[PDB]
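Take a look at subunit A:
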Amino acid sequence: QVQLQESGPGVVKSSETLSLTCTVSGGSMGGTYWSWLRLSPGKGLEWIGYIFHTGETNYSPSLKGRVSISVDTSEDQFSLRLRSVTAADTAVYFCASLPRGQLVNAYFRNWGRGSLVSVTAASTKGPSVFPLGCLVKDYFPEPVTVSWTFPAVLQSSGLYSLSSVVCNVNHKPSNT
Partner candidate 1 sequence: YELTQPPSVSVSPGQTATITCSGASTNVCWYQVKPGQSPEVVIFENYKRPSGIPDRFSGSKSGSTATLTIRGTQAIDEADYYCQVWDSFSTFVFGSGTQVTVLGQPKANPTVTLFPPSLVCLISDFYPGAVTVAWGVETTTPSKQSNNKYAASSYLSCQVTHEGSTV
Partner candidate 2 sequence: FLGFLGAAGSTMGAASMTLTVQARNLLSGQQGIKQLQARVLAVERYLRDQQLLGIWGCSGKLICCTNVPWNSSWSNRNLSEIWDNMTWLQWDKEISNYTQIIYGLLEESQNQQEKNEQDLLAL
């Protein structure tokens, strides 16, 4: 009967602080390790850390020194804080729970929905349309609609590109 849901899917820039709050509905906060996990296409599934109701945390050694988990028992919440986020932390963040006791055979239960968090890496630019089909070179906010289509490309500079084969281009923020 215990269900978990986190905050809405936000988006952050580089060198900032990430913040997600999970809310438990039903059940108590005692005798349960409230964990945090993330899932990325580059590295697969990964564990971040858990907090017990007395405040005893246990972070992952890879992310130690830039992670912080706090518990708020009275309002039935627990939060995750990530410090100095880079462009390689674009992942779907889950929340789970573990029974108190031995962790040799323990598996994560009561998973969350999963809120996608992306990192912009400080990029904002208007469209650039080149003729060939048609090719769009650089645009940040994904507003494009090609009318007279291959999906976008995660370039290393933080900008997106697609192309279409067989025109009019659209850009909602720049009004292009």
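Quick note on selection: all candidates are chains of the complex that A comes from, given by their letters.
Just so we're on the same page, a residue touches a chain if its C-beta (ideal position, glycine included) is under 8 Å from a C-beta of that chain, and two chains touch if they have at least 3 such contacts; residues count from 1.
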Candidate from 1 or 2 that touches subunit A, complex-wide: 1
Subunit A residues touching candidate 1 - in the complex, by the definition given at the top: 39, 41, 44-47, 58, 60-62, 94, 103-109, 111-114, 130-133, 135, 150-151, 153-156, 161-163, 165
